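This document opens with one chain alone, in structure tokens, the form solved without the partner chain.
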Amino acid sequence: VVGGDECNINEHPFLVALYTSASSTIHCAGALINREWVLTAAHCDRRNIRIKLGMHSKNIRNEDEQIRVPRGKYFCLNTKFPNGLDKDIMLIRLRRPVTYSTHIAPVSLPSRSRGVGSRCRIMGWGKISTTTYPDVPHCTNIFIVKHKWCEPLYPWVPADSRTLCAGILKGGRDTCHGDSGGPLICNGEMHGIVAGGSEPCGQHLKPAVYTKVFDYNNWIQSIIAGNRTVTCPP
């Protein structure tokens, strides 16, 4: 995250970091939905995903940190594009559940749709400068803007797609490499999943794309409920 500061240590209990059995590098983040499920971006998938929960500083371990691996991964199968990036969302079922604590808690799903003008918050362990990664997660506030700003910039984001275009039109604040899959929080609810923006991040007139979670509530609830035939919203 660029243009922000270290997040409050208690404001991201649902934030998980994603890496692999091969690299300790945090290539994405995700959001804890309940004791056994994490929501993240589909492009964040890797062969041997590893998930760190309850973490803030990468060098100063929180007492309640937990490490988990997937037992199941679910995607949208009805996508406009074959790589599935127009519906960049994925559910990960943890091999073993986690217990809630101060630093490990579920995020609430959106109870209603929020649009242009809404002030939201982004967070992650992604780059904070051109070539620098933070030791702690950084946070900042951005706004949901007209979807037209993202369309000409991102080929995988068609008009009327289930995504929110958000950031700071003037530039300076934005999600960056390593932040994808993380949650976009608006009024205490997760309204988005970081899909991606431009490189370098924070450029003037270049907001980023966030998968609109509200549209996927039914799919998410169904999947967690045990349904394995339900499909994502058209």
Given for the second form:
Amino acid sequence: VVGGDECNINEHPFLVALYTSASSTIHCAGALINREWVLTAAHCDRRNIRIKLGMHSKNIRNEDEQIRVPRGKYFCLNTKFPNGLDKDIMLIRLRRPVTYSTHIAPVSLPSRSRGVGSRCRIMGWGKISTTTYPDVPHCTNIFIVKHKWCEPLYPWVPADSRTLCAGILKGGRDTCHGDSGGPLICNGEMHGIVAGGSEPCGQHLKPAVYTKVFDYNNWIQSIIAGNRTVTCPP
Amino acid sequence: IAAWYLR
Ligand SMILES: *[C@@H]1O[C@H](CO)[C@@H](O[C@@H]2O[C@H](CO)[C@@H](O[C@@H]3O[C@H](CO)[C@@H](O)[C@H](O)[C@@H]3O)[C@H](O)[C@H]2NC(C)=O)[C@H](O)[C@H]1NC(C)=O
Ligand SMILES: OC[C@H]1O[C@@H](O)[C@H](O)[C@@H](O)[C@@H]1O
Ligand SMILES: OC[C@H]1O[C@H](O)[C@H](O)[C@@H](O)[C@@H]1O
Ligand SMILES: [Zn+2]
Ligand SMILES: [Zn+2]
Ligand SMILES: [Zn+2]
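Here we have the form solved without the partner chain; I need the corresponding form solved in complex with the partner chain.
Then the entire complex follows, led off by the chain already shown.
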């Protein structure tokens, strides 16, 4: 996240960090949505993925910090692109659930749709400048803006895309490399999943793309329920 | 999808 500051150590209990057994590099984030499920982006998947919950600093462990591996991964059945990245979302079932604690708590899915003008918060362990990756997650506020700002920048993201276009039109604040999968929080709810954006991050008139969670609410709840034939919104 | 897009 560029243009922001260190997040408050207690404001992101639902935030999880994704890495692998092969490296300590955090390549994405995700959000805990209940004791045994994590919501993130499909492109964050790795064959040997590891998930850190209850973490702030990558090096200084919180007393209740936990490590988990998946017992299952779920993607949209029906997608336009062969790689499914037109519906960049995935659910990870934790091998063992976590116990809610001071630094570990679920975030709510959207209770209603939020659009243009809504102020939201982004957060992650992604790049904070063209040269630096942080050790603690950084946060900042952005706005959902008209989808038109994104359409010309990302040809692969149509006006009919189940995505939210968001950022600061002035430039300066934006998610960045390594922030994918993390939550776009609006009014205490997870309205988006960081997908992608422009290069470099934070440019004037170049908001980024976040998977619009509200649309997948039924799919998400059905997978959690145990359904395995349900499909994502068309 | 452009190579610089996914974060
Ligand atoms: C997993 O979720 C899917 C999707 O919600 C479930 O399948 C859906 O089940 C409903 C109700 O059984 C189907 O609607 C029904 O259609 C018949 C006519 O075919 C109508 O007479 C009923 O009143 C009702 O409207 C729906 O078509 C079906 N969707 C598809 C395409 O399969 C599925 O049952 C769930 N799996 C579980 C938990 O068993
Ligand atoms: O960066 C996420 C995690 O990566 C692991 O490889 C390190 O051993 C942990 O200390 C760190 O919290
Ligand atoms: O801390 C989370 C909150 O951050 C900012 O206040 C956002 O404007 C608000 O929508 C969000 O719920
Ligand atoms: Zn900093
Ligand atoms: Zn604390
Ligand atoms: Zn860059």
